[PDB]
Amino acid sequence: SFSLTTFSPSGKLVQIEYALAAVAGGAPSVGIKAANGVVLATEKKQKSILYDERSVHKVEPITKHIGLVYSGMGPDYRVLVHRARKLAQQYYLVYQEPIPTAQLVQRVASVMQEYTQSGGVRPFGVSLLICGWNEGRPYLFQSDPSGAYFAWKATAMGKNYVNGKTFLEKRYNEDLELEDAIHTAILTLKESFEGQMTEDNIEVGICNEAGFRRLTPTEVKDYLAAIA
Amino acid sequence: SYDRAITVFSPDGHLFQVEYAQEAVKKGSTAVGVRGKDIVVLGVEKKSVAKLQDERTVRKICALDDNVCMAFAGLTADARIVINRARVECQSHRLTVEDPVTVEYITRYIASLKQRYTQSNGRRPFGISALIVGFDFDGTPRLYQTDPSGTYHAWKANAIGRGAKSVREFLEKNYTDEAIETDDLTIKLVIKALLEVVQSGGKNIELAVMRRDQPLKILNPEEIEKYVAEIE
Amino acid sequence: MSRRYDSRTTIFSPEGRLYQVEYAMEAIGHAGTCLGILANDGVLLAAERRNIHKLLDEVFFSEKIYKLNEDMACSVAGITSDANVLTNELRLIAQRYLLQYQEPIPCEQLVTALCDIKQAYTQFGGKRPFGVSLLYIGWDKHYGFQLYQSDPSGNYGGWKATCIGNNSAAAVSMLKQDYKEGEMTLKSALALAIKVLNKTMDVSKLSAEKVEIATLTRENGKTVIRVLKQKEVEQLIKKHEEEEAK
Amino acid sequence: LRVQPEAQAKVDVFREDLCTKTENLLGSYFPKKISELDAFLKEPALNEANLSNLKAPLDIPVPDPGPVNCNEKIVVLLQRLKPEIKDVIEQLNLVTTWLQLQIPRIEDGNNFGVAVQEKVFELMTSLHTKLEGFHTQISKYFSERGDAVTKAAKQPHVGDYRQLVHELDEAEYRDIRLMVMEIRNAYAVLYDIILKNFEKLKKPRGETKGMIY
Amino acid sequence: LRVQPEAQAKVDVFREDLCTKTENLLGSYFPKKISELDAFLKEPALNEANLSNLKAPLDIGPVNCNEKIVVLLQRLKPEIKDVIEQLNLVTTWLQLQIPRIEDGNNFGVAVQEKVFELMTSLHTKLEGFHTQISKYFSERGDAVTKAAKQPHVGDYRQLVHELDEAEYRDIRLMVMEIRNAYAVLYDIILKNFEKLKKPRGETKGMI
Amino acid sequence: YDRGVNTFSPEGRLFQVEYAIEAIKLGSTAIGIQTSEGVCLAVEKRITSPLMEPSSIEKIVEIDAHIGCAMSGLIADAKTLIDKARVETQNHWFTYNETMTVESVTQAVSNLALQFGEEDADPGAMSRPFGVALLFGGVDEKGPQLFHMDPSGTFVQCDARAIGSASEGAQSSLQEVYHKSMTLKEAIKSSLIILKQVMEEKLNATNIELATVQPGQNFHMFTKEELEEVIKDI
Amino acid sequence: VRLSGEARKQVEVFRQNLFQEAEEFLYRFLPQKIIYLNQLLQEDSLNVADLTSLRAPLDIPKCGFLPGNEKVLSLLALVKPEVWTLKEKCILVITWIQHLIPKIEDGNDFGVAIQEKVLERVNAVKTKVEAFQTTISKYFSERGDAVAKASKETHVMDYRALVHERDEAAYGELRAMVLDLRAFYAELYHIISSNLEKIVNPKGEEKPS
Amino acid sequence: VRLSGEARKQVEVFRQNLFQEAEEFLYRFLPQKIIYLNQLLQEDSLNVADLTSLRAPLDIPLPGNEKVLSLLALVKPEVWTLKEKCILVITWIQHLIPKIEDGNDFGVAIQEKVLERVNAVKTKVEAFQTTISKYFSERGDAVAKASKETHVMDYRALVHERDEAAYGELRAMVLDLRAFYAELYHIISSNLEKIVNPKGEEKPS
Amino acid sequence: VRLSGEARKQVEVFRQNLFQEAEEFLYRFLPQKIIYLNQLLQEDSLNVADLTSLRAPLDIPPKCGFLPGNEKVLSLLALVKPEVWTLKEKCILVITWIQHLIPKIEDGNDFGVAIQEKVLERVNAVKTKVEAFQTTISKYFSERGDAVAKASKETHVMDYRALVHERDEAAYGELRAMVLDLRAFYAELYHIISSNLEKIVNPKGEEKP
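Residue numbers (the working numbering), protein chains in the order written: chain A, 1 to 228; chain B, 1001 to 1232; chain C, 2001 to 2246; chain D, 3001 to 3213; chain E, 4001 to 4207; chain F, 5001 to 5234; chain G, 6001 to 6209; chain H, 7001 to 7205; chain I, 8001 to 8209.
Please keep in mind that the hints were generated in silico from the structure rather than gathered at the bench.
For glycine and all other residues, C-beta sits at the position ideal for the given N, C-alpha and C.
Hints may contain errors.
If you anchor each label on the Cβ, the simulated ranges turn out as follows [unchecked claim]:
hint, chain 1, residue 1, chain 2, residue 2, range
1, I, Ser8045, A, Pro9, 32 to 40 angstroms
2, C, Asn2198, A, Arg122, 43 to 51 angstroms
3, F, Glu5103, I, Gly8205, 23 to 31 angstroms
4, G, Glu6116, A, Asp222, 53 to 61 angstroms
5, H, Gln7016, C, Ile2052, 55 to 63 angstroms
6, C, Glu2070, G, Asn6108, 54 to 62 angstroms
7, B, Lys1165, E, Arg4002, 28 to 36 angstroms
8, F, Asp5122, A, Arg122, 25 to 33 angstroms
9, G, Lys6138, I, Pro8062, 39 to 47 angstroms
Rough simulated footprint, nothing fancy, chain H against chain D, three-plus residues with beta-carbon under 8 angstroms [stated by the list, open to error]:
hint, region
10, 3009 to 3016
11, 3041 to 3055
12, 3147 to 3158
13, 3200 to 3212
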């Protein structure tokens, strides 16, 4: 019942320091907010053909208009899934409306802070990247295990995330349609990913006026033709 | 919850915890008080003002009741807890007894908290030592100091903070039946006690006085310079 | 509960100090520069922005500046994690005040209420202390315009002008010189804060994005809190750049 | 400290040279000496089947009731080994300072990226210590042999003086093959180990990092 | 044991004498010796920028050493004898201020033990400086002996030239060492003097 | 350190209990005496400076009308037991409507001595052992009785007992002065003789406190008047 | 940095050869050299229990020729080559184990720790083998100065017995070296072969990256 | 304290003048001499490793070595000058030592490790000069002793080991001395913030 | 074991006799020797400012004239030597006197043990400095023994033969330093013991109910 996270002689938290170093080496994940939609393209890589791609999906929706991707530990993420989804449920219980992305990320990031204080528990090993659609304005947020959530037009997360950020710094700018947002998210994803690129290796999903939806492997193959 | 024994014995029986708590008391600012005839005078020295910090929030002279005031030297954070909890219990005693609170009553209501919280499970010993001074029935003054170990004593004149022993040396020698005989002598002797620990400051010194049934009164800095004006 | 895993944060130093508390203020010492000034016609609170990137959004409000209630506001220097809980707790405390007393909370009551919570965690519980130092501004019916400063140890005090974070001692040294007590108003204090911000900040090319300024004043019986728009800050930059060089 | 525009720039040029020497050290010097020390041990001097050919005759007679010289073969084999030791030591000092330039200031946070640099730094000094020992023994092999020879001529009495200087020839020769093998093994092993930890060696942390620590 | 007013007061006065001395040392004797030997290094004899002037060539009995260097070594000797004696007064006083043994309250122990080891190890280095003074006397003397044994190789005369260099180079550095033995340690003692004069003792008497 | 308060020694004894008895040597000296005419208690105020008031120092407390008490060791732990011993004494008269035997007084207090622990306890549990030694004198149906307890909680009937820093040489001195039928007033004389030898200061009328209980008189503290008449008999 | 394609080829050819070098010494030399020195120590040359006849006494007066000990010098033909051979091959075992050190990690290093603890024991063998190289050459330098001083002194005869004590130490070491070198072959085989699985597999390479 | 209240400004000699004097050597002397040896080590006098070409002619079956004085002339003042600056860096940090206290040892531990590297450099440059003095004593003693060997060509041929080591070490001295300038300049500049300001003095009442 | 009743009582008498015998020294002689050397350091022989006359110039050209020691230093040693030897005797008597106070071996009651060990360690540390003076006094004879010999051995160098005279002044300067340190040891050992007599004499409390 004693806190496992304490202040270092330099003032920095030692436990959360390794949490941020853990999510830095996770699966490469990128996202872009352009025009009326946000593109989420992650990496699902299977170590053999026996693996069923339809059983486990890395891109999961939080609700109709909100979706979330991740780079980091598997088990700690599904704990975030249940609690964040139950937070959206307890939201809809009280407020009977779709949850805004700013309020959703705020109280979920507060759960990450509870385990930097309460004893006998380790902090989360997952850095969440949240996508949301409210009042016609798209939302792209980035949260790490430290509990501090930011906002980005485009960013990168996972292995070699520094390159993905610099690449989008050069290539990406304003006035990009959702079709260009997908194509640009694929190009920055071609850099971090290594090897042959198929529809099963990448899991892509978007959020627009119609809400957050995941892309089927059929239309993903159409984008693998370097068309849009 | 967090349940463990904090303060534990040593090979010599001394308590390293409590001893380090008294070291933080020694590093506090110098505060002093002296029992007069019908009056008592408290004072403390605060030199830290470049005109920036406000003088309303700095006050270390606190009143537990109309007839009981106090001053503290130590960690300013631990004092705010003790002063508040002492006032809650002091007025809860006026709930149990229509008569006011004798200074010795509340001093047991205070030093006992430093007894419990020192030996309690998971708790921490207090790093403060305060002078509880007030007037008992018939107008007899009383001056009591607490200890982070939980002990308390009675004193005719006492001081706390850095150089507290040096102030007592001037109290021990210069306090006689001639001392604190009238009002003019009580005011001068408390000031003269602080004049040695003066670090070239003529205003920063703060003083307060309580006479009989009158409430605690703070003596303004302008009259401080007038009473310090007569030295030789 | 294996003993070997407990650091026993309640241990006093041989000089009577707390290690976890002293390490907390050091982490605050690396936080960005945040200052505030108490003036006759209003209170002024300004701060810099350490995070600067071309891809940042910041489409909401200020960074380290929060609003406690209608009549009060605060700034932040420290770990942004512990700042979110304190900002929540301060708002909870100030609201729990509205429950019983149903009046705007005095600026003195809200400070001592959180500090009692800070002390309690350093006293017991085994949990680490908080790494955030907070400044407070606002108006009350008794004392009027107020500016306060808080430390993670639970200690606090009133201030006419102060600074926290990086370049704190440098700004305090300038406040001991230029600041005129009971003379300069909110308008004159605005030009003074910009002068102190520019000189104490070694990073050149101060822009409306790189800095943030918020004002709180009482007009016609209503507390008016605002954050100056980037164009309004750019206008102040045009004013200060004539009074710097020219 | 005041800014010197020319002096600080020349220090950067110094760091540029260490970056050039480090790249030439891993990519060029190491594999060239691996293959060179391959043919050096395959050389019939060190591949010699009968070591009596490299035995320099020294005959100190004893009375019953001279032909002293240096050994050209063993000395030249050590004459080639000494600069190979001297060159790699100078190169280890170049990457030692280059590592020091890549080590940030003293900080406890994320100091394990520096600890990885400290492990390789110990590996650089461990090889340096052995290389210092190699050349030190070689200098001692020359001093002790030349002394054992002149002490044999000083005391033409005990026959072990004649046998001692003969065994010193056989000892130094086998010392050549061992030192060259150890040094040659040190090129490829240290090379492969550096490339593993080169991530932390060159970049202990990134370039410019951190988010609200 | 019984109390003897004669022998006991002799110990108390002796401890109070070293207390008055240590105060007279820090207030007067130390800063006087600091500025004295700081000007001793500022002497142009130790400021010589050309070591060829101090090279004494051998006549190759007509054998000598550089008289200027020997005098600098003869001036270096009593100045080191001056620092050793004045520090023994502080060294003894600190050993006479030792409070009764306690397992805790070791801050004052660390204050006394640190400066004690600094002064003790300094006295060892100061005695090592005396060894260097007598060494350079024997180094050039034995180098001339080898030069007189084989007056052929020119490096024999260059050896004693390197010695004259090594002597004067180390003299200026040893003068810098004994200058730090005064001032650097004086600043260290002055910082641990004011409230740390008696870091343990005259403390427990809070009440 | 690297152990709990419940950790046994290699000899099988609690460290916290051992150090508790060792801390009594830093307390105040009090010498009780049991006689056929009553029980005598004496203690020194230990005034280190004239500024203190001797009225605030009470080292002899009254549990019941016929039952007295003495104090030493740690002061903080004693004030908790003195109040708890009083409550249980009145809980006796509240239940059985009679005066508690001093042996049962030592019995109820000895129960809370070793209760200390960490796990499986309540919030009202004590962390550290008592650093206080107590002397219970009094008169009951069996006559004057004088008892003693230590931090371990063992209570033993004693004819004479001394506590505090000077208890080492005082207990050995009690065996010399106590012979057979020696009365209360004679025990008071021998009490001041041993107490004056063991103290470092001078014996004065206001320097020490003296209280006795009798079979025909309730426990009584001698005031400054009577104390001057007692010290005069030396 | 930058590297040529042949630079990695020099490492791969080195890795393959270094692998076979440790494979030969483990599965050929270690088993066979134990019975070697076991029969050598039990051979009549090293099995002589009389050390009085193995001494090399010399007359102490055209003075007579003063040889060394024919036994000690000839019995080195059994010792000396095994001293150089074992040291040369222990280097290749040290080089092989050090070459299998993966990327240095601040955790999960237990497989590397097993390698390090084997490196210390194999180097401890190499250290004692180097001490044998010293004893071989020291006997010729020590006895040479000892017999000459025994030759310079006709007044004191017992230096020959002091010279005899160097003979007992020499032949005592001759049996001790073939005993220790055999123990080395035995200790190396038991330590390497049993811990071989952990040295060849210091890391599981299950990293989720 | 009962100390004399005079000579209060006499601390400004070392705490200011010598303090700023040591500064001038940190940001000027140290970086200026890094590039000096960088070009000096690259000099072809050091780069030639040939045993016979570097050394003086040795006539033995009594000449010395005059060719070593070409390098020693440049090496000796460069090795000694840093040895003095190391002392000035020590004292410069000694004035930055906070008053004796238990805590706040982070900046103290940094200063201890920096002073350890300064003492490590001062010790190594002291061993350089000692070896420099050994060149004259040994070269003279060797030729005097090597003159005894006539029929022995083995010893005389191996005396050239110190003839080669004389020059091979000087190149190692110049290289290491340059690494000392780079080490002292880089470590002090990187930790300059904590070395100058070990204690921020943020403690309120 | 087998405990002889007669032999066990003899040791108890001796542990008591040396216990009271060392008390005579710790009480009487220790403070007496403090002011005894206080008059020794104030001797006008140690107060001489000019050391040029205190050296003993040697006549160095064998028929060379007789070269004794320094009559100034040797005369000062005549007073210093019996005080150094005596304190070395006292120190062991203090060490054994502390060993008499070693309590019965048990886990508890170790607070008096930690105090007497630190006192005995300092007495042994001072005694090490006392026998260090024993070494330096014997060193001055080895210093001047090798110096005067090599000074008279070398007639070619006219300096080193006259430069060994600096060790005469160095022996004088260190002698006045030893007189100060030898007197300090009497003061250092007395104050540390006298102030700690509370816990030194009574380390064990003898409480075992």
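How the hints compare with the structure:
In this structure the hint that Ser8045(I) and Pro9(A) lie 32 to 40 angstroms apart at CB is violated, the actual value being about 57 angstroms. In this structure the hint that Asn2198(C) and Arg122(A) lie 43 to 51 angstroms apart at CB holds, the actual value being about 44 angstroms. For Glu5103(F) and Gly8205(I), the hinted distance range of 23 to 31 angstroms is satisfied, since their beta carbons lie about 28 angstroms from each other. Under the hint 53 to 61 angstroms, the C-beta atoms of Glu6116(G) and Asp222(A), about 55 angstroms apart, fit the expected range.
Here the CB-CB span from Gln7016(H) to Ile2052(C) is close to 39 angstroms, at odds with the stated 55 to 63 angstroms. Taking the beta carbon of each, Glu2070(C) and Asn6108(G) are about 55 angstroms apart, inside 54 to 62 angstroms as hinted. Hint check: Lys1165(B) to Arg4002(E), Cβ distance near 31 angstroms, so the stated range 28 to 36 angstroms holds. Checked against the hint of 25 to 33 angstroms, the C-beta distance between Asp5122(F) and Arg122(A) comes to roughly 31 angstroms, which is consistent with it.
Between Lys6138(G) and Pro8062(I) the beta carbon distance is about 43 angstroms. The supplied range of 39 to 47 angstroms therefore holds. Counting residues of the region 3009 to 3016 of chain D whose C-beta lies closer than 8 angstroms to any C-beta of chain H gives 4; at least three are required, and the coverage claim holds. Coverage of the region 3041 to 3055 of chain D by chain H is violated. Counting CB-CB distances below 8 angstroms, 0 residues qualify, and the rule asks for three or more. Judged by the Cβ-Cβ criterion of 8 angstroms, the region 3147 to 3158 of chain D is covered by chain H as claimed, because 4 of its residues qualify and three suffice.
With a cut-off of 8 angstroms between beta carbons, the region 3200 to 3212 of chain D has 0 residues touching chain H; three or more are needed, and the interface restraint is violated.
The earlier numbered hints that this structure contradicts are 1, 5, 11 and 13.
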